[PDB]
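Here's the structure, in structure tokens; my notes come after.
Heads up, one of the protein chains got dropped from this complex, but the rest are sitting where they should.
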């Protein structure tokens, strides 16, 4: 069931959201926001800078003060507000999916059926945790009563990427709010719009002012302001590994603010000779090509055992030749554009290395169309490990297919990277499935599938693919700060 | 019961410990180690540098490899090795306490009765966790079986301070080993000796080679090598907040290694008019003066309600005038020296600010003796908030006593610091105890006591007093890395 | 805000609810349901017997089969259905509160503001747990992968009392459904009506057929059928301790079905001389008199320290003399009737023992009105331990006030009972609050309050006041059955 918006979308919310009201920028500057499919300007949005981040942090800090409505309300009521926010996003699902598609260059079918469904489900999941965050009573040595409080940390700075704007917004704000924090969100310069609509719904839902503040703008200005701020308690960032290093560095320099990072990858799949071949081809395909390759988990190195390698490449290539490029809003279209020029160039530049360094181009390998940042879906076979396309995150519709014959060696090759976000193992053998997934240095390991993400399980990177986890029970720990309270008593009893 | 060593202590272990063997430094340089009470050289120890840290990390990495003895042994057996290590430390308790006293400038009674007891107890606590570290099975959306592995992270770099050398060594290695990590430990340049004895006991206990590697040396060389190493997965550091910022920065610059920091404080006590006055005086006293003030939790701002302030100061001062300074090995001695010159100067320099900025000197305020880094126990009353002695961590035997009359205001004053390691609340009122301890921005809040530390509860700082927690159930999380494994199945059932 | 129903209530649902359809009884018998305030017949309801319970269990068993919709749906979707049920109960809050008031003899203000609010909140709480029920991955000795599944148990028989019909229905079905069980509910013979309305809302919400089946009827017939059934996996019962013993016995005789029991009490309060006197009087008052004394937690022995005893009795008695008896639907009325004749007689019979055994009657002590099972609010002072009114659960508006002078002795006296559901401690002293609450053999201990129940914390009895806990995280364990799955592997790694 794929319903659509009957009237044309109008952009309404374009301002900095602080204390549940709409603010002009302190400078009074604004910045344009584009459709990546047409290269046309959609609207202008107020440009937040350091001065605006400062207003946002003061609002967050006041909303966090002992005795405030957000600190004193029942945990169950924090949950209620979150479930209300989810109902409102559900009510505005058509509007949000359309805006997400138009601004993000994201296929509308996927925006509506996956992105918005995952947004609503993740919020509902997080709402349920709010009054289930618990500390401990602890049988300490000596005559003492010891308990712990898993408090909110405080003001959390949250920097959101452009590839899944709504999903990433909710992955940040859901847990942070469930645990009782206040937030200053900086959506991506490319994709501020859907977040600003969500902010209007945060107001409608009745969150106390200052609990969520959204400051659109650029990364080197507003993002740097967040990462170096002396009164932000924690920064959460999803994006490139390069920028992640700057975030962590700045946190260290400033006020030792807590850090979680969800970064890029060069995620490997290992396809054994006994694998269901079609299932492995289909999931490895979608594993690399989903959302024009603009997923941190992109299955960008597919190692296939020699005896099934040729047949894997053949079947893969024919699956890649089935796409229909164009406007993601038009039904039947199955591949939209890349987000912007910067990304578009890096993709094409990396495609050229594949050719020059001697990979076998099976299909694609150039641009498409008169407008929009479109790249033909590209498959390279006979890829080797020291090639640029096997080392660097492409973030584009570019599949690398490698051969192996030794399992020990292909595991070393899979692990031979500074990345470690995710990986895939395709086999019918129980022992292989368990032992290989244990040996892979990856945060999520999928077995006979790929790209299966859900609110109930933790998600994040090994190595330079991240610090910490988001979602699941485990991810909620990083939005709490633990206080131990130890009380002298005359005599304890067990 | 205070037994002693019958023969004089001989120093035996003075070398870099890698792969369970004793190594000369790569350069071949050595550095002297001193008794702080006599200023005499005790011995020379091999000086580890970047080149030696590199040998230690390669050993740790090999011991961590899939299929190694440490990775494949039963969790219960990791526990057994840890409980064996504790039995060996218990066997060598006299030797270790004497060495700890002589090298650290630490009162022997405290070394034997508290430091060594806490070392043994913490190891035994950690041993019990080893086969109780568990992941989850998760009711993910869709037809999938999802489980998590709480794996060890890998090679953990661990930098240990000089104030509690043995206790801090065990606080690091106990949890890291219980969870299955391998470690490269850099004990403090001032106090390498007790760690090198523990390393001999790690060998005796039968830990596989490379699981624990100890590299003595200086902070700016060996410590920097650890913090910037591209194949260390995690750094744990206890020390100054200043150096903590350098550690976190370097982690960001290098390989985004995971970070936990246990840093300094300017920890406040709030003494209400209804408090048991003598109990508050005794705990606030020991809270600031323990181990010559060289505790990160030093209760270095004591706020007392006006109506009991004069009587609190009087009783405090007379308690401070009861000390006997000298060699910590001599029975009856109740105050040893500061660790070294650098610390000694900072202490005296800060004592001079108290005088010049107009605090009331009640006793002390100068040095003591012909040898040793001794400082007279010092009490200042009528201390105000903008004084250096109320803002800066002294790390010396220097008590600050402040007056207050408003509870709201004294809580703001208590929280008005970038620090937040711990705090104390003294009152008989149930509501005051709970509400004040909730409102304090401190990692541990003691009620009608101070400095009660135990293996069963988590310990660490709010704000710039730390990132993360050590010990308790909660502290064990930061020595694991969580992997989600999601397996496609034909049909799930609840 | 106390809104009311504008039209008169009409009874609609009067039949046995199996497989989401309305069934006549197998015999074809029906039984009358009365208003306790007027003694008038409200309607007739279909009388379930053993033959009907058998139809209900076959439906529950089929809905529980591997591959069924309830077993295969996402846990998150079980949660969604529960949150939907809560929205529907909220929509029908006026109707439900009126029906609850009219059938249960329950003050409408309390029905609407407390009972229905707690019903809605408990369901929403339980909904949030559904996809957060998790097993473990376990570092077993040897080369094995071990995980656990916290499965639903299966068909759960649930017997609901008459004192809080809606709240008790939801306390049973919320957790049992959240965990994935199917249920056969037997509401009290006195109060079947509100449950049958909830069943219509279970249908409307879209729960698969057979997941909830409701069989009204009598205890000795339908309740016994449930407790002895050979294909019911678990029985949950709230009611008298006497019947609880029969339930547990029958479970043993039949198929060793799992048992949880929430039974009666003779719950004590200990009021120390330093207590806030008015707060202690107010909470102890409401602690015994709430819902005409028909609470399992009734604070039916109030021990007050000698020096404040007279003043406690005086203030208590004047609070008890403020009630307005009558129809619970009429505004201004502050005390409704007892549920039925059986209860009414036991209450009056026990009031007579108080008089005959020599308690001091301060007020009340007889019946009220021309119709309805009304008992005057009664206060006895100078009650002693071997009196019937100090040993037996009255379940009526009858307060017992005792004196004590020794704390050790009053704790023994408080604990000197086969009961142990709850207790109260009133004092300003931190140490007394902690030590007394630790020493009381009671499932819930309130400090400076009484009767504070919430979905987030576990609730149940020590001793013959119950087996197991309901609600909180802990209560959810008893609606799961744990399966260990141990898989042979070639080699494990930590």
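Structural remarks
Residue numbering begins at 1 within each chain, and the chains themselves are lettered A, B and C in the order written.
Going forward, a contact is a pair of C-beta atoms (placed from the backbone, for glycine too) under 8 Å apart; a residue touches a chain by one contact, two chains touch by 3 or more.
Note that the absent chain touches A, B, C when the full complex is taken as a whole. The residue from B:196, B:423, B:455 or B:482 that touches the chain not shown here is B:455. Across C:76, C:110 or C:148, the residue that sits in touch with the chain not pictured is C:148.
Contact with the chain that does not appear here is found for just one residue of A:74, A:311, A:318 or A:342, A:74.
Mapped onto chain B, contacts with the missing chain fall at residues 75-76, 79-80, 83, 121, 124-125, 127-132, 134, 145, 430-431, 434-435, 438-439, 455-456, 473, 487, 489-493. For chain C, the residues in touch with the chain missing from this view are 66, 121, 136, 138-142, 144, 146, 148-149, 233, 241, 244-253, 255-256, 258-259, 261, 263, 279, 411, 418, 433, 437-439, 442-449, 452, 454-460, 462-464, 466-467, 469, 472-474, 477, 481-488. Within chain A, the residues in touch with the undisplayed chain are 66-67, 70-72, 74-76, 78, 130-131, 133-139, 141-142, 147-152, 180, 427-430, 433, 447-448, 491-494.
In this text, only the chains that are shown with their structure count from here on.
Distance from per-chain Cα centroids to the pooled protein Cα centroid is smallest for A. Taking each chain's centre as the average of its CA atoms, chain A and chain C sit 45 Å apart.
Rounded to whole angstrom units, the spacing between the C-alpha centres of chain B and chain C is 50.
Across the assembly, chain A contributes 121, 438-439, 455-456, 473, 487 as residues in contact with two or more other chains.
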